[PDB]
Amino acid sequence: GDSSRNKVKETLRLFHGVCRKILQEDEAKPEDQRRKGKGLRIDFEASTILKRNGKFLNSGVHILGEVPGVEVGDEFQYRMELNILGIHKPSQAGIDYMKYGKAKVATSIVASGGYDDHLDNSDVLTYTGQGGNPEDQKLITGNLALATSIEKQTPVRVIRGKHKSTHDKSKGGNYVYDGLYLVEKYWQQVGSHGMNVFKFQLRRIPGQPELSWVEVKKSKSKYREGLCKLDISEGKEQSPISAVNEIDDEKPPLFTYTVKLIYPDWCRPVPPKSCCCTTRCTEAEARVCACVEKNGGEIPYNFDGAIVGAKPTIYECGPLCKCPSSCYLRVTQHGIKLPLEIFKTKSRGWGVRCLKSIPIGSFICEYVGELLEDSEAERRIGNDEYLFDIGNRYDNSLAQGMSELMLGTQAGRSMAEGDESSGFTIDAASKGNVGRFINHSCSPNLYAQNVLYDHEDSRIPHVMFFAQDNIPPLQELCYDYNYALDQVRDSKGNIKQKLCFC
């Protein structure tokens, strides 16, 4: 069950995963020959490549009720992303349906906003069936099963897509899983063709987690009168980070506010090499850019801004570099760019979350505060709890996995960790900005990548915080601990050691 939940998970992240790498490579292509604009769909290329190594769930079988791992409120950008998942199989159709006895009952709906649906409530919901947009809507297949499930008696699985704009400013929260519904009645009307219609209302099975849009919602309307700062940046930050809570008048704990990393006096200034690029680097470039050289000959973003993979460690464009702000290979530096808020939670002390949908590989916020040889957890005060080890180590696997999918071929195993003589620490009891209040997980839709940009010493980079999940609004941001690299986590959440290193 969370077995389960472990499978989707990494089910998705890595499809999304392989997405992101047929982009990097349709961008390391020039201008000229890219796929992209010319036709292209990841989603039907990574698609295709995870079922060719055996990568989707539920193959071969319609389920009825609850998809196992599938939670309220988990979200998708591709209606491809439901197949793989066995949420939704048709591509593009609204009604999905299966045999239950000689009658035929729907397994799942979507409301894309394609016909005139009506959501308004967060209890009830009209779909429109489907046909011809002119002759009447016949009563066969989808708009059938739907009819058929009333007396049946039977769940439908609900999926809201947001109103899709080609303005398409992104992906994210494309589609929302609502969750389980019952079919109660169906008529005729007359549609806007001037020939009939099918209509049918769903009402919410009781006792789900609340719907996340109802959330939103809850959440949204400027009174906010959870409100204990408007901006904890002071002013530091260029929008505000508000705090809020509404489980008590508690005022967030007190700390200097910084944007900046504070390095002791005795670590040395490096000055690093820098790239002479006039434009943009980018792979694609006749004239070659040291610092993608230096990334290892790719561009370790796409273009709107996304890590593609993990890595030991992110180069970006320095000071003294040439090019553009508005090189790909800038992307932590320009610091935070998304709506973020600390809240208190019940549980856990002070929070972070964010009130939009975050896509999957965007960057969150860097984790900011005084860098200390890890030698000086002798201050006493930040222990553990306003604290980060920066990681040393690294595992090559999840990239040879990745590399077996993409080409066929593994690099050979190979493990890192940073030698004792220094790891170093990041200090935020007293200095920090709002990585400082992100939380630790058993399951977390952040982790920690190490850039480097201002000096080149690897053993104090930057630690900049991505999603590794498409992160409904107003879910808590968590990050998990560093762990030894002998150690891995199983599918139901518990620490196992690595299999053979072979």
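Residue numbers count along the first chain shown, from 1. So that the term is clear: the rigid core is the largest set of C-alpha atoms that superpose within 1.5 Å between two forms. Compared with the form solved in complex with ligand SAM:
Compared between these two forms on the core, the listed residues 309, 226, 73, 305 keep their C-alpha shifts below 2 Å, save 226. After superposition on the rigid core, the Cα of residue 283 moves by less than 2 Å between these two forms. Relative to the superposed rigid core, the position of the CA of residue 296 differs between these two forms by less than 2 Å.
For residue 251, the Cα coordinates differ by 2 angstroms or more between these two forms after the core has been superposed.
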Given for the second form:
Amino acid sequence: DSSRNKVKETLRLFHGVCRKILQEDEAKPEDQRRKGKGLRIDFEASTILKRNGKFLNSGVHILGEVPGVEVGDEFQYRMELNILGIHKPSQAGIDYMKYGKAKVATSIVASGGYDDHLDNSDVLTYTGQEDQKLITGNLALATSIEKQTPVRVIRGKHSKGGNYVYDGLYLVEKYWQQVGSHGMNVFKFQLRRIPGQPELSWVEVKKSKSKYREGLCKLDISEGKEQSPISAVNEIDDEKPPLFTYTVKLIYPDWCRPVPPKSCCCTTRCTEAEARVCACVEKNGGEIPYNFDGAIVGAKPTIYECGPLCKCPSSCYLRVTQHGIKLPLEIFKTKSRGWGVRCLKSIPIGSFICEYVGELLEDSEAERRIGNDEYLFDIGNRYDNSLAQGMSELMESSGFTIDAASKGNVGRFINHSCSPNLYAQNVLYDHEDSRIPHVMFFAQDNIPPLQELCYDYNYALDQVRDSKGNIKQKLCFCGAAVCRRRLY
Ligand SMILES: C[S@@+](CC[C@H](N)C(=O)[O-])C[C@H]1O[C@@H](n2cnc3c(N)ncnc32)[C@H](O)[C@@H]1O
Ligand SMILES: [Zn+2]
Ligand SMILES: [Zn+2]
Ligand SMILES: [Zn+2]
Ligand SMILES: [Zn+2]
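Take the protein just shown as the form deposited without ligand SAM and give its structure as the form solved in complex with ligand SAM.
Following is the full complex, with the preceding chain placed first.
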């Protein structure tokens, strides 16, 4: 029930610790950094979580589906498999457990180039293990043929971007022996995916790359304004996306034209390591809030980026959300929540998605809203310090509203979930007005491709009111195992 949430939170804690350790290394002068000399942030984070009892399913083998782990789930590090107890061994490709007097495989890691042909997508050929011997793992995978017991398959790319993918449950059908190219016998196993499971994510991505893709009903809702086109897909009905004036960047009315923020004195990328003063690093409380790869280290009340009069180059480490969308986004028709947003590739945890763009207005003007309050985003105090607290145990609301009813960007189409994979992060760079930060969405999960993007709308129950002025209700259809059942 809450096992999905405990899995996601466990991973979130792991990656938070990883990015903290890495931040710590990136703050050091290049000469004293450990990244070169065998820094293993995954192993340190792993150790920290283990020594605090954070590992799930430890000391127990599971055959078949693991609670809270779903088909399509992606992992950046192999040790995540260890932390969740999906796949116990540190290095070995095959994991197994006792079954009667024998042993059957519970899990395999097919690391590498995988076959990408669509008419064989349910079938997998797996190499075993100078001759390979029918012992331990190989023997267990062979016994799986006799028992017809399910095997978990994890696809491993030969880093950071969707390195391990859980592809679901397979049955082992046969095995044989042949000379490998190293010159000795190896074992080969044929597995078949069990019918009834969600489609493989690589299959969906592959089908999505075609121009004859099912349901494709618009090439670019951006109308050529975003640097990459944002398409629209509808496999549900024949409805087309709502019309609105697409707006890439937030445009300030004259009542809040930016007063020029306090600038920067660095001729190159800002970092803690370079020792002369950077004002923008002090704005962030003496830290760089991003890792050097662009990922947010961890949610904060406010992040300060370098602005228009900082002498920094575009690739400064404090310049991230200001460069706009980089992911290949698209909107698509949901069954019961109107239009939603998703991405055509994996999104690494910590990645910036997009801004909530629209017309800025004061609250008072906000309470007089007529027409569409579906696209009203109230700024102020969405910061969630849960993760920061959890990690510490290991180691002012705003009146203003963004109205995207008439003018906005793709962010207006992002739906609500009670178990969200995104969060809202306040960012300042072209001004220092605390009342009206940019609302920047970041990933708080490693997001598999084509998984719907969602954040917490954070409405208070029984405070959303009628056209005539009284309490209104709306049900939440987010489908999460722990759904709070009402949107407002
Ligand atoms: C900012 S709009 C998001 C895009 C919208 N779905 C559309 O088609 O234009 C918010 C509206 O989407 C719908 N919505 C978003 N999340 C929902 C959820 N979890 N359950 C039910 N409706 C949802 C609600 O009607 C809500 O008023
Ligand atoms: Zn800078
Ligand atoms: Zn600087
Ligand atoms: Zn600066
Ligand atoms: Zn819900």
